Structure formats: C-alpha cells, structure tokens
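Sequences and hints are given; from them, build the entire structure.
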Amino acid sequence: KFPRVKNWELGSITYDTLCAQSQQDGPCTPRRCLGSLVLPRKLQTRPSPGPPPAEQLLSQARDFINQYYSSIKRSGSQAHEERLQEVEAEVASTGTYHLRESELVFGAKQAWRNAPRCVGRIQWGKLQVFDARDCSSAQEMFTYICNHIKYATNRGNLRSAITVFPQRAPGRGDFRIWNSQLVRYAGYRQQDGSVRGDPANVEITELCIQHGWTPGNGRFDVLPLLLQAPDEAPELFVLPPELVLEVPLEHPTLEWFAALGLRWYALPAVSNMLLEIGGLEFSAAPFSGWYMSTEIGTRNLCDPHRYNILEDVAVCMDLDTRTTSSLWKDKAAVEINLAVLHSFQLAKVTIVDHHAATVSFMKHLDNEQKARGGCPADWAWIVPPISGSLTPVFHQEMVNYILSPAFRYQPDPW
Amino acid sequence: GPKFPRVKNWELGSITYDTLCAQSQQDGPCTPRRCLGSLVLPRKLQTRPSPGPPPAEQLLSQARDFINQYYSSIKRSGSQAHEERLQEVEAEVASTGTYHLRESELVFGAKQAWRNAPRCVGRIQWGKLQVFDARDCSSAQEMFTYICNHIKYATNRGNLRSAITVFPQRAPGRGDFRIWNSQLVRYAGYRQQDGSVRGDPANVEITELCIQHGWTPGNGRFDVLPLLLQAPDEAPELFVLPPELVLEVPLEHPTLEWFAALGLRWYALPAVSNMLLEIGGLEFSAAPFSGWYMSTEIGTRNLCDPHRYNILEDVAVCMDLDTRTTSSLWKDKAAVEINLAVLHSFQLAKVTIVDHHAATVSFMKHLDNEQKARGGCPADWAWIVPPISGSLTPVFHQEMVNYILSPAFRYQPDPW
Ligand code: HEM
Ligand code: HEM
Ligand SMILES: CC(=N)NCCC[C@H](N)C(=O)O
Ligand SMILES: CC(=N)NCCC[C@H](N)C(=O)O
Ligand SMILES: [Zn+2]
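Taken in order, these protein sequences are the chains called Y and C. Be aware that the first sequence starts at 1, since it is given in the numbering used here, and climbs by one per residue. Be aware that the second sequence starts at 415, since it is given in the numbering used here, and climbs by one per residue.
Among the clues, some could well be false.
What the hints assert, rightly or not - Keeping only pairs whose Cα atoms sit at most 25 Å apart, straight-line, the calculated PhoX-like set for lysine-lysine is:
| no. | chain 1 | residue 1 | chain 2 | residue 2 |
| --- | --- | --- | --- | --- |
| 1 | C | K458 | Y | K1 |
| 2 | Y | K150 | Y | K109 |
| 3 | C | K489 | C | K786 |
| 4 | C | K458 | Y | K6 |
| 5 | C | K542 | C | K525 |
| 6 | Y | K42 | C | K422 |
| 7 | C | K422 | C | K764 |
| 8 | Y | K42 | C | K417 |
| 9 | C | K542 | C | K489 |
| 10 | Y | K42 | Y | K73 |
| 11 | C | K786 | C | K542 |
Claimed, not checked - Far from chain C, by Cβ distances over 12 Å, these chain Y residues were calculated:
| no. | residue |
| --- | --- |
| 12 | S22 |
| 13 | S77 |
| 14 | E82 |
| 15 | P166 |
| 16 | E206 |
| 17 | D312 |
| 18 | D366 |
| 19 | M398 |
Said to hold, decoys possible - Covered by chain Y, according to a simulated footprint, are these stretches of chain C (three or more residues, beta-carbon under 8 Å):
| no. | region |
| --- | --- |
| 20 | 719-730 |
| 21 | 791-799 |
The set of hints was computed from the structure by calculation and includes no laboratory data. Built from N, CA and C at the ideal position, the CB exists for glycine as well.
Pasting the structure below:
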C-alpha cells in the first residue's frame, strides 16, 4: 500500500500516495534493490520504426490530456471532451497525434517536476518553453539552439529553458543532438592513453573530428555541436564564442588558485535525454537551468575519471598527501568548491550552493506532499557529493518511482 | 547477456554481474513500482516477537539451508557427516520443535552474518571475528560478566579486536534474553525543562528507562549509561560499567589549540547490542558485537548531526567562520577539522581507528574478493558511502545491489 516516509532529523513522518499513479516500472524487485544503478537495463527507449500500439498510445494520451484539463480547472468541460475526441480521431486515422503548444508547455514543466534525480525542482513552475517543432533541418536546429543559449544565459542572470524539436515518427529517423550537453569541453586522448580536457567527452570529441572539426589542444576547448535531422548524417556547427559564457576560476584568499587556469561554462544544458508526453516522444528536447556549485567543484573537477585536479590543488596547498588521515582530499575539495561559488558570484553568474539548494528542496518536498501526496526522489542523486549528512536531505527518506510526463535516457544515435 | 543484475563502476568503467542475489531467500521493501531503499527501517526483516513456536516446516528449510552452507564452507557437501547432521536437525525439530548449533557452526554463522551485512563498510575484516559462546548464560548477572569480559578483550588497551558474544537463543514459550541498551557503551541524554537535551539526544529514551529502573542519573554531557540486562521472564536488572573498562578518548585538534578546551570526547569501543542475530532459523535476540570506528561515524554523524550533539555551529564560531551565509561553506570547513580532530586524538591515544578514505578503499578490495568467492556482495550504497566527501571515495562511483542473505543481523522491536 502506502509507504511510510520518515525524516530522522525532525522525527516527522508522511505517507506517499503519489507512487500509486506510477504506471511505469523501475529496476527494483522484492528480491533485491537496484536503485543505486544509473542506467536502466530494459527501461531504455527501443526503436520507433513501427507505430506504437494504438491501444497503448491512446491510454497514455487520454491520461495526459486528462492531466492537462485538471491543471486548468476545466475537467469534464466541453473543450476537454472535444480535445479527447480529437486525439481519439487523429490516432485512429494516423496512429499518432500532436500536442497543442499549451499542452506542451504544461507537459515540459511536469516532466521536470517528476524528475526524481533533480534537486532543483522547486523552480519547476518557472520554465521558458521554446516550441521548435517547426524545424526541418540541422541548420534550423542550430539557430534554435543558439536562441535558447542566448535566452537561457541572459548575460549571467540565468533563466531555465527547454527547446522541443519534432517528436519521433514511426519508420522515420529521429532529430538528435549528438552532444550530451549544449556546452562541453573536448576530451583529447593522447600518447599513453591519458587524456587532455574532459575524459567524459572523449567519444563525442572523436566523432566530431571524424566529421571535419579542427581540434584544439587545450583542457577547456568548447566542443562544436553535431546536429542531426532524420535519416541524415549529422552536421557540424561551431558555437559563436560570444554566446558561450564562461567563468574563470579563482579563490577568495589563495592568490595562486587563478594560476591553475581552471574554468567552467555557465550553462548546464542537458541535450541527450528524451522528453515523453502522453506517449509522444521528443528525442531532441534540450533543457537548462543553472548550476549548483558541487556539480562543478566536486564532480566535474574532482572526480577521478574527470579533471581529477584534487592532487594538484592539495600540493599547491602544501598538504600532507602522504596519508589519507590528513584529510588532504577533504580539505582541497572544500577550497575548490569555495572557488567555484566565489568565482561565479564575482562574475555575477547564477549559481546555488549545496546547502541552500537542499534547503530549498526540503521546502519542495513539503509543497509536493500537500499538492500531490508525495514526491518521487532518488536519494543518491539528491544528497550532495560532499558534506552529505551536513545537509537536510541526507536525513530525509525518499521514495523513487517513475511518473509521466518524464525525462528519460535514450540510446546514443551512433 | 547474463540474466542477473549488471553492476557498473563509473570510475573504472568495469562491469560485473551479481549472481549471489539469486540466493536471497527473503524480500526487501522494494517492488517494480517503487524503490524504498533509502528507508532506514522498512518492515521486512523486522524480527517481531513471534511467541508461538515457528512453523516446524518453515524452520526446517531454513535450518537445512544453513547446514548446507556450513558443510559447503568446509568443503564436505554431500558428505556422510553432512547428511547425518541434516537428519539430526530434522529429528530434533520433529520432537522438540527447535534445534541447536554445534560450536563450529555458531562461529561460522556469526561471521557469515557480518559478511552478509549490507550496511557494514568494514566487512573486509569479516573473517577475523572472536566469537564468545555465552549460550550457557542463565542470569542478568552472568550476562554482565560476559559483557565485561567482551569489553575487556575487545578494547585490548587501544589495540581493538573484533568480537561477538552469543547469549541463549529464543525458546518456545520463554522470555528472550535481551539487552535493552542500543550499545554496550552510550552517553546519557537528559531532557531539559526548556525542552532541550543535555548530552546525546539519541539516547533519551534509554536514559529515562534506566532512571525508572533505579539508576541515579548524572548531569554531564558525556555520562556513560548503565546496562539494562533482561533474563528470560524477568524484569531487567541494572548494572554499572567499571570506569576502568570503558576506554574513552579526549578530543584535541592537531593545530587548533582551543579545540581541546571544548571538552569533547568519545568512547573507543563501538558495540551494537540491540540487533538480532539470525542463523538457520534460530534467533539470538541478544548477541552484541563490536569492531572499531571509522572516523566519520564519530566526527560527522555523532558530533555533527542536527539531532545529535550538533556541534557544527559552535566549532565554526571558534574558527571565526561566517555562519550567516551558506556560500561560505562554514559547515564543510568545520566538519573537516572536527573529523581531523577525531582521527588525530585516536592516533595520539593509540586507539584503533580508520578514516573514511582508507576504509572505502578496503571495501573495494572486499567487493573484488566477494565477486570471486560468491559472485557478488550485498551492499547498501547510502550507508556505504561516507557522510562527508562522498564522491571523493571510491565506493561512491560503484553501483551496488542490495538484498538480504542469511545468516544475518536484523533489527528487532524494543523489549519494552
Ligand atoms: C534551476 C536550476 C536547476 C538546478 C540547480 C538543478 C540541479 C540538478 C542537479 C544537481 C542534478 C544532478 C546532476 C548530476 O549529478 O549529474 C539535476 C538532475 C536533473 N535535472 Fe535539474 N536542476 C535545475 C534545473 C533543471 C531543469 C530546468 C530541468 C528540466 C526542465 C531539470 C531536469 C533534470 C533532470 C531530468 C535531471 C536528471 C539528469 C540525469 O539523469 O543525468 N533540471 N538537476
Ligand atoms: C572492524 C571494523 C568495523 C568497521 C570499521 C565497521 C564500520 C561500520 C560502519 C561505518 C557502519 C555504519 C554505521 C552507521 O552509519 O550507523 C557499520 C554498520 C554495521 N556493521 Fe560494521 N564495522 C566494523 C565491525 C563490525 C562487526 C565486528 C560486525 C559484526 C560482527 C559489524 C556489523 C555491522 C552491521 C550489522 C551494521 C549495520 C547496523 C545498523 O543497521 O545500524 N561491523 N559498520
Ligand atoms: C541543470 C543542472 N544544474 N544540472 C544537470 C546536470 C549537469 C551536470 N551534472 C554537469 O555538471 O554538467
Ligand atoms: C562497528 C562500527 N564501526 N559501527 C557500528 C555502528 C556504530 C555507530 N555508527 C556509532 O557511531 O556509534
Ligand atoms: Zn530499490
């Protein structure tokens, strides 16, 4: 039935009745918990060469349309009943249907709201939705992306946004953004298999040079985009420098930090996920908000398989890197995170630290408890990578489950 | 590929398949519909008081399974001794409704239970456990003697040795042997008039329970609590631990001279005493165990949790940090220094302790050993990854499969 959910810091308890609406299965079973896994083994997004069972697509649609009219307090109204028949009509005749701009906006916001792994969902209602379904080329995707970047960036005063390109069509190819994010630093594999730049982007980097991109030779070279229209070879487009806002990293008191020459971009814009709304799939729907300092300061810069700058900083800090018990790792991680915050604030670019971010997520949980009777959340992804139990979320139990609309992982186009 | 959970390590890109979970003979709280893995106490393992003797039928299969595990472990599966031991257990259950374990079987089961603990990151030490057999114990008084003996062997003047003391199993129509305290060593939690708590808020209940049972309470911030030991069908008796036996460590920072003036301290012996030890169906309601601390348990959870000592702000103020803004990362800075203090103080006092980095690295070694020896290892990510510097340790990047294997350590309802 309904799971009891406790907060070990306050002693409070709540039941989750929202998970009841979950119409999609996760990777867990009573025999064993696989919630710690990042990617689904079967919850993928298999091909769309043959239409989707009208039985299925139709129930999802009726449900989403139902969701939409409850949202505007016009359920059972006339428009509602007639909107349902339109969908019924279109599906029966073509095997698919289309969303109205307004339904799309509602759908995009709900997908974010439902994202179990997002700690910044308190902002879910503030999302600028760019309808890019009137797109027929890779060059057009690029203009749309450039407009999204400009708006989202807004000279450092970041504004959340999503751009939705054409939905998937049976038997036809997908519109796709090959890059995992609109802005990423190249990863160049060198001599002894080592890597210059972002090791996380080695592959996308190689695919780019393999399509005519002239590579640079730095640690932070902004990658070009590989946009792809249905059944066509992806096309390469370089982003106008003045559009890619970046932040040079320096430390408040450690004068030498700026020397490292480290930097990060201001816009976190995930572009390889799929947006599903009422059964319709949007293979290319890039979204962006703003960074929470740990994503850069802890993960991107200190992960062993990423920039892994932990030792360089510890050495410049003159710390005892001989033993683990000197906590040189913990000490250096704290200064790098401080530098990200300080640097972003100094440059007047939006950013939120992990304490403020998780405090605001706690309010969101409360808001959702009242609004829907629960909130799907993935603990491992919600608790910050450093100072975990120093934040409120750590001490809060959570229920993870899939609701629709939703953002989902999808296979790599190559 | 393999029809078992695929487990990946994102740091090293390596993959493995857990086949050991197929051996799980009990479900957890999750379902295809929703994951409840973050719940601390999900009504599943919960070994609730089942007074009436267990289905001889259910106890038999659990018993049969354990015995097979045991003969497997000594490489004698299918042997004559195995079959005879099998017939024996079945006879004893048939006539008495329960059964008993041989000495060597108890030692094996104890170690397996630790080996099987999903929430323990120090399981690389699982094969080195001192099992004190106290199944002959017949009084709260004798319980106190064994416990003192355990603490003395386990403490070993700072050179800590892992151990477990096993008291009599639960019996049909009889009271359970029970240790009311959550740990052989806990600090008192005094409720204040203004509403606050002096000492450790985690033990307020157990503190009021000793008082209600005759303990003359103190008024310190670190008062070692007495033990409430309960023999079958009898009110728990009260016992006070000889101060010389309870080893404690004063906390000082290596470079911050004022930290020591804070008067902070902690005991060296971490000894869980309220968990149930389950082996082949038999239930050991009282079987306290101990090992040694991983610095973050003390430095981060005990001293910095909001509902515990919560000393973060006090230390941050002494460090002259900006505690009015979150972006100054004042909480982080203070946590680090406090964890450093704990580590430094134990090393100075020559008392066994391991930092979160060393510990997680050794747990990664343990995961590899288990992958080969059993085809996997049940682990609870949220509990394995340290409360500070999570992604800085190797386990953070290691996906993990969680499931229940038996023998096992389980939670049990409070005796009162
Ligand atoms: C307003 C600022 C926002 C902040 C501070 C924020 C922060 C985060 C963080 C920290 C994560 C985890 C990242 C990681 O560990 O890889 C995350 C994940 C996610 N967020 Fe947000 N988010 C924000 C806006 C958005 C927006 C506007 C959307 C969508 C419209 C969104 C959708 C998601 C999704 C789907 C994930 C999971 C991605 C994955 O599985 O890799 N977020 N967010
Ligand atoms: C030798 C060093 C040991 C270390 C460093 C170690 C460390 C840990 C840590 C850090 C935890 C989690 C604590 C928490 O977050 O509350 C834990 C949990 C646990 N350990 Fe170990 N452990 C050790 C010895 C033992 C021994 C000897 C046993 C039993 C024979 C054991 C059984 C368990 C169990 C059952 C749990 C979970 C208890 C619960 O649910 O609260 N550990 N251990
Ligand atoms: C919107 C947002 N804040 N985060 C989405 C994920 C971005 C990724 N963790 C990164 O560090 O680039
Ligand atoms: C054996 C061990 N290291 N830990 C068991 C649990 C102890 C508890 N976390 C505490 O901080 O007292
Ligand atoms: Zn689960």
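Comparing the hints with the structure gives:
1. The hinted pair formed by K458 (chain C) and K1 (chain Y) meets the criterion: a straight-line CA distance of about 14 Å does not exceed 25 Å.
2. For the hint pairing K150 (chain Y) with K109 (chain Y), the CA-to-CA distance comes to about 20 Å; that is within 25 Å, so the pair holds.
3. Restraint check: the Cα-Cα separation between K489 (chain C) and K786 (chain C) comes to about 17 Å, which is no more than 25 Å; the hinted pair holds.
4. Among the hinted pairs, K458 (chain C) with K6 (chain Y) is consistent with the structure: their alpha-carbon atoms are about 16 Å apart, no more than 25 Å.
5. A threshold of 25 Å between alpha carbons decides the hint, and for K542 (chain C) with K525 (chain C) the separation of about 8 Å falls inside it, so the pair holds.
6. Using a Cα cut-off of 25 Å, the hinted pair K42 (chain Y) and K422 (chain C) holds, with the two alpha carbons roughly 15 Å apart.
7. Proposed proximity of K422 (chain C) and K764 (chain C) is contradicted: the alpha carbons are some 38 Å apart, above 25 Å.
8. Between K42 (chain Y) and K417 (chain C) the alpha-carbon distance is near 12 Å, which keeps this suggested pair within the 25 Å criterion.
9. A C-alpha spacing of about 20 Å is found between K542 (chain C) and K489 (chain C), which places the hinted pair at or below 25 Å, so the restraint holds.
10. For the proposed pair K42 (chain Y) and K73 (chain Y), the alpha carbon gap of about 37 Å is over 25 Å, so the pair is violated.
11. As the CA atoms of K786 (chain C) and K542 (chain C) are separated by approximately 19 Å, the hinted pair is consistent with the 25 Å bound.
12. Distance check on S22 (chain Y): its Cβ comes as close as 5 Å (rounded) to a Cβ of chain C, failing to clear the 12 Å threshold; non-interface status is violated.
13. With a least beta-carbon separation of about 32 Å from chain C, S77 (chain Y) lies farther than 12 Å from that chain, consistent with its non-interface assignment.
14. Distance check on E82 (chain Y): its Cβ is at least 34 Å (rounded) from any Cβ of chain C, clearing the 12 Å threshold; non-interface status holds.
15. Every C-beta of chain C lies more than 12 Å from that of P166 (chain Y), the closest at about 32 Å, which supports listing it as non-interface.
16. Chain C leaves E206 (chain Y) outside its interface by the beta-carbon criterion, the shortest separation being 16 Å against a cut-off of 12 Å.
17. Distance check for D312 (chain Y) against chain C: the nearest CB is about 15 Å away, which clears 12 Å, and the non-interface claim stands.
18. Every CB of chain C lies more than 12 Å from the CB of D366 (chain Y), the least distance being 17 Å, so the non-interface label holds.
19. The Cβ of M398 (chain Y) sits about 5 Å from the closest Cβ of chain C, inside the 12 Å cut-off, so the non-interface label is violated.
20. Three residues within the 8 Å Cβ limit are the bar, and the region 719-730 of chain C against chain Y gives 4, so the coverage statement holds.
21. Coverage of the region 791-799 of chain C by chain Y holds. Counting CB-CB distances below 8 Å, 4 residues qualify, and the rule asks for three or more.
Of the numbered hints listed earlier, those contradicted by the structure are 7, 10, 12 and 19.
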